[PDB]
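S.K.: Fit chain B to the supplied structure of chain A, relying on the hints for placement.
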Amino acid sequence: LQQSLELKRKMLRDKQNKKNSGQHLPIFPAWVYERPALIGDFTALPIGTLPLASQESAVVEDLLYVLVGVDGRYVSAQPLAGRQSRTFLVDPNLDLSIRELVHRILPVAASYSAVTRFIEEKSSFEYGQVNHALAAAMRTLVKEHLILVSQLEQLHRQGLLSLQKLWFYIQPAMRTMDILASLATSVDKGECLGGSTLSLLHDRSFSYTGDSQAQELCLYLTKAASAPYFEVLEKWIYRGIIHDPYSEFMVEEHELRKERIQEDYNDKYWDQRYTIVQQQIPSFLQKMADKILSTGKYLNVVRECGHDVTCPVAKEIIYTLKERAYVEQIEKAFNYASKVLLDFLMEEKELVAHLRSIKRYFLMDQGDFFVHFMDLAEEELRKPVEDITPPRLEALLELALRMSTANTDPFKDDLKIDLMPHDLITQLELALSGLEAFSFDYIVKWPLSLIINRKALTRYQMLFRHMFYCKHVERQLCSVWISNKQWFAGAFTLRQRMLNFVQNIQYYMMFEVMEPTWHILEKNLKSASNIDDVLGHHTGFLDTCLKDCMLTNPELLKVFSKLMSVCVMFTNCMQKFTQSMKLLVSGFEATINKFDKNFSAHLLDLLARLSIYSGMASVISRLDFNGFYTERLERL
Amino acid sequence: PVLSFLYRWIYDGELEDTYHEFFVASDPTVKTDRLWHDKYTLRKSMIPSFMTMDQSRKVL
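Protein chains in written order, with the UniProt record's numbering: chain A, 150 to 191, 201 to 586, 607 to 663, 674 to 771, 814 to 844, 851 to 872; chain B, 425 to 484.
One chain only, chain A, in its complex shape:
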């Protein structure tokens, strides 16, 4: 009674601040409390001194008035004018045999007035959504109670009724009023509203399984109450806009429209902008909840850009007892959601070319592009950090691209030369760059920021930078090869082994990793029935391509860095010693043999530290494919 007046105002206040288009919300008028517009349900002689054949007629006529919740003549309704409680006082000096029967009729009366008061107190403008449906569905049972009282009314008009007939009459109705009064008591007691009294209506229907007289009662009010809820649902489902101008629904839309607009820096759609709320789950849609959310979340990002989408078909669904109309529409809705999003994206704002123009440069499909660009950029690249200037590197990019026959993809100017600011710490110096770094920012587009993430892009950069060491050491070994077209015959073997090593490392990455799982990805993104599989397929492609390669090892392989260090030291020393001899045979062997010993150490450590791990063991088998340097150190 008193507890309601608080809640009603606060539920108003949540919806004035969330909607910036809410206008002139009402105040409840004062006169409805000062003058009765809610509750309308609120000479006297001692019956024991009266004759018998007046006592029977009088007590029947007076108790019939008393049942409604207000005073009759000789039986009085005790004043409370409120809650689920009401007591009636028949006169104490009534004859004992008749009065004990009059006391037995009273429980339908106290379970009528209480049942009325729930319909009178909770006719107010605010309360939860189910309780407003439930008031209009409980009043139907008050009317069907009246049709029996209308027959009784006619009979009492014709100068006839007795207490034994009345007692026999009210035995069927007592149970129905008992069930309604228990429902009203429980709904008012628990302060439940919104969807949390769609849980209570669901539990009470299961509870009765011994008679099913009251089970069907709770079922009828739940089937009436779930009819507006599913129309609001179908509004959210078939188009991304909610055509309900209130928010009662289990999905709510956070207003993060003023943070991310014309850019994504949170991926707000797939995190929590369209979120679910626990206390508006009816507890029979909890099995479908993830599906229900994901459905309309997919619809928004096609209904926003200009594609006409509507319902393909809509059919009514109802809460039915342990049976489902809802599941069959939720599944079809889900497939329609994902199909229209995936079809619209794979044609306009093509994902196909966006993934291809990432495979073309970071996973490297054109080598002509890099053999032009690395050569014409290395002299700017070789210098220490901040001696490079990104306009110059960008301009020479526009050269080596436009010379090369890579002119056939739409996204090639999206490549911009930037650097890792914290270079090796991003992998899981700051004075040298362009000898341990080579990275791009490929810009990701508006719905392609939600399928290719920021984390995706930085993993692509780290794999490209891992391949940069092999790209560096390869062409340095070619340029030292052309010096010899004095020396040391074993120096030629050391040179040959190092170039063989690097060429094999990249070829294994070629025909093992990128191309096959790319062939899997061109099937998976077109055989998905939801976009939470499509995200999973993209994340799985990147995850596999990182796990098979040398980006993830139990020991991380510091010997890889030491090995490529002595490769660079060897090519520097050999170029210097060749030009300052012809342009010895003993000191040349002295420096080359120490590099041989260091490299053989770092290679044997690598093969052993990869053999403890693990398919992806193909890296160890191809290096020792000859049976030279075939792992002569034991570990484990």
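Just so you know, these hints were derived from the structure itself, not from any lab.
Think of the CB as a built atom: it goes at the ideal place given N, C-alpha and C, for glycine as much as any other residue.
Fair warning: there could be bad hints in the mix.
Below, simulated SDA-like cross-link-like pairs (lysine to any residue); rule was C-alpha separation at most 20 Å, straight line [stated by the list, open to error]:
id, chain 1, residue 1, chain 2, residue 2
1, A, 167, B, 471
2, A, 570, A, 624
3, A, 164, B, 472
4, B, 482, A, 624
If you anchor each label on the Cβ, the simulated ranges turn out as follows [stated by the list, open to error]:
id, chain 1, residue 1, chain 2, residue 2, range
5, A, 169, B, 459, 25 to 35 Å
6, B, 465, A, 191, 52 to 62 Å
7, A, 710, B, 466, 47 to 57 Å
M.R.: Then chain B, alone, in the frame of chain A:
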């Protein structure tokens, strides 16, 4: 009435009132070349709560 004021202002783009009932603030003068910027201005007290700011701004 307000929806018929809208559908007279989508069709012919001209309406007649002498009482403030629509989200347009008309100036009676016909102007010379100033006509575009100033004869029609956005009145915000007559915007419904089933219309949003975008709808009035775009139909104006």
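S.K.: For every hint, state whether the structure bears it out.
M.R.: Consistency of the hints with the structure:
Note on residue 167 of chain A and residue 471 of chain B: the hinted pairing holds, with a Cα-Cα distance of about 18 Å set against a maximum of 20 Å. Simply put, residue 570 of chain A and residue 624 of chain A have alpha-carbon atoms about 17 Å apart, close enough for the 20 Å limit, and the pair holds. Taken as a hint, the residue 164 of chain A and residue 472 of chain B pair is honoured in the structure, with Cα atoms around 17 Å apart against an allowance of 20 Å. A C-alpha spacing of about 25 Å is found between residue 482 of chain B and residue 624 of chain A, which places the hinted pair above 20 Å, so the restraint is violated.
A hinted range of 25 to 35 Å for the beta carbons of residue 169 of chain A and residue 459 of chain B is consistent with their spacing of about 32 Å. In this structure the supplied range 52 to 62 Å holds for residue 465 of chain B paired with residue 191 of chain A, their Cβ-Cβ distance being about 57 Å. At roughly 52 Å, the beta carbons of residue 710 of chain A and residue 466 of chain B sit within the given window of 47 to 57 Å.
Checked against the numbered hints given earlier, the structure breaks only hint 4 and satisfies all the rest.
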